[PDB]
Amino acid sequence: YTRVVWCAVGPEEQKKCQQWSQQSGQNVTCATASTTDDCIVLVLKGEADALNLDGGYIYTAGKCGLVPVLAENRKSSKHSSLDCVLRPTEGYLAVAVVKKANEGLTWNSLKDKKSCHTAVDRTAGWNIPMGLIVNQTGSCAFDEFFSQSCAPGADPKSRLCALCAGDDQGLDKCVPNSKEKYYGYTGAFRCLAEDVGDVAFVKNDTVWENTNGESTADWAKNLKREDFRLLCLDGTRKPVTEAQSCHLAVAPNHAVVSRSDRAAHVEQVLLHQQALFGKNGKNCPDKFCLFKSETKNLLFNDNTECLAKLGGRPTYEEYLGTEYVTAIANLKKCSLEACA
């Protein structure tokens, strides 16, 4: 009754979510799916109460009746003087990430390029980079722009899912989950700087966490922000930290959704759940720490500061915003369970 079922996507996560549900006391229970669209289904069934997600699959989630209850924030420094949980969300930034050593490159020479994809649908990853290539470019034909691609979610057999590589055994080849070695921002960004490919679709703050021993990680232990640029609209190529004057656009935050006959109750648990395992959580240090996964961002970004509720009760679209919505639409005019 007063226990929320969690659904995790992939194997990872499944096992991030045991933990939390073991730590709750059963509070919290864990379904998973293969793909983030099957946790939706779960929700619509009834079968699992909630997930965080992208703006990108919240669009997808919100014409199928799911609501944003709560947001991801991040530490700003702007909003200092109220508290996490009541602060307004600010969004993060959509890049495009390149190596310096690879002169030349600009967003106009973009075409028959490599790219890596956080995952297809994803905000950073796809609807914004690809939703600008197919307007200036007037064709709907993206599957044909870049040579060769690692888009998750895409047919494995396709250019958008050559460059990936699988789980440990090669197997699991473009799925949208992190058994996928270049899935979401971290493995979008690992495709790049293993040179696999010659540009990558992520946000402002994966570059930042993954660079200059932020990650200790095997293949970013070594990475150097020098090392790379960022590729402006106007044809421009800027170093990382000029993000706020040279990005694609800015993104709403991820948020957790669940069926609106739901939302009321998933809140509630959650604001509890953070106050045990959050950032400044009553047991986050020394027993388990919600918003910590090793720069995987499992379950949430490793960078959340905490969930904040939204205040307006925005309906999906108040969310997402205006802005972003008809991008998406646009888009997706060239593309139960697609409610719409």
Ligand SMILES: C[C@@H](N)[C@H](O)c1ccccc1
Given for the second form:
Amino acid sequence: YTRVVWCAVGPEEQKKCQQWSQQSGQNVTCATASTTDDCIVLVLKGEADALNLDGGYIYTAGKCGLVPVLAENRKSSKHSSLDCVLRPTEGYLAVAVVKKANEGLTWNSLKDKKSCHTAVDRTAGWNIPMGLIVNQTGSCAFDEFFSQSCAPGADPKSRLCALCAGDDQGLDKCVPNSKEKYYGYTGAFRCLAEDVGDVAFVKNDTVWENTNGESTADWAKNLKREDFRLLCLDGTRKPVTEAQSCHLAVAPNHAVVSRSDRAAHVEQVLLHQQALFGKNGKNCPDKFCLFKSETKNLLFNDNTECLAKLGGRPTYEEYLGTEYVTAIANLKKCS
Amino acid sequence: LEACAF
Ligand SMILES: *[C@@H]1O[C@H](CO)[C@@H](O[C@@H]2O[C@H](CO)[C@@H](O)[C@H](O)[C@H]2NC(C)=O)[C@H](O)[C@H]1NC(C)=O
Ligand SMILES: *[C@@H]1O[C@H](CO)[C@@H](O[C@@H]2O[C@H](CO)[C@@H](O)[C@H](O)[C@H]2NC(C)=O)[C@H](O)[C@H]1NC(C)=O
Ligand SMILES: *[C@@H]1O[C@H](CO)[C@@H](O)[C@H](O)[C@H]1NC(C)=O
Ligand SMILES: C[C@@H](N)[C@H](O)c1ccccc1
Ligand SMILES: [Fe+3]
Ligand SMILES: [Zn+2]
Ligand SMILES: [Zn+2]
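Having seen the form deposited without ligand NPU, could you give me the form deposited with ligand NPU bound?
First the chain shown before, then all remaining chains and molecules of the complex.
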């Protein structure tokens, strides 16, 4: 046993991490970087122990030798008989969302439209949709498909960043961290909600959690699910209640990664930390809730019920699944 | 397209 150094991406995650550190009595301390890739590097250098990552980032981390430790597990879809920590993870639904009022828009008329992405390299926001588009257009010029986009992590002066807004002060336009107004699941959905973009590439859960009163945030408090539609691959449009039959793919759950030589220890500490601050945790809500951050999904997605043990001590390729790994590989050929 | 991007 020892202290686990978490890596926070950006100043807001840093703040939440500091609160967690304080409440844990320094059982967890914080390192902070401006981007997920920088955090991946801190971990590789041994300057940080771990962080929770989207599948696309797990691919980057895995290539560099980091391993998955525990996976996010949400309010179980499959009516189970096992505890959350032991429950297998199902995966989330990557979807393409548009405004119902934007009537002519389908998967087949996306070219030259405006797009909102969680961030370059992320599963639902980038790898799945751009991999599909590259494949279908038979062209690697995915940076010329949409007329403008907000794809945090791309070149700030490029069309891929044209729609990004930066922070309060209008600084950090397109940075791949929560300071960018349209970053992540909620940022990309907001980009759609405010009609900055024509389509948003997020997950099923994002639409639900930010509509019909689920979010009191000012830009989301008035959003109605009926005002949105999902784009299915067969060219049809469906209500957001049909994500099961109208998604782009099933994505592997975000998961915690660490150096192989620190994995066992990181796992031990996290399992204990969630007993304290997770859902129903001894000290949540009274003191600190590890899986809450007012829909900002800081450190962990807010809809996380618990971090679950993995089956079969999977390598990053096994955790992500061969198909997805090859999909990423294929897309990477373009850059 | 196969080693660590760092
Ligand atoms: C898409 O996401 C929503 C929101 O996560 C799912 O609805 C939650 O589903 C659980 C369990 O099925 C319910 O107990 C909650 O009440 C729902 N939350 C809300 C805010 O409505 C929905 O099932 C998901 N759909 C698919 C196909 O996965
Ligand atoms: C884009 O197309 C490529 C080529 O079909 C897909 O890669 C293939 O995936 C199949 C099914 O998983 C594998 O058996 C093949 O070996 C892959 N081919 C190659 C060239 O490696 C890829 O999955 C597609 N991308 C997306 C996101 O669908
Ligand atoms: C801090 O970690 C030590 C070692 O496991 C443990 O004894 C103590 O109960 C932990 N406290 C908190 C609040 O995390
Ligand atoms: C794809 C499969 N090998 C993986 O374990 C998985 C499943 C659901 C969610 C996350 C991850
Ligand atoms: Fe994701
Ligand atoms: Zn499917
Ligand atoms: Zn294995």
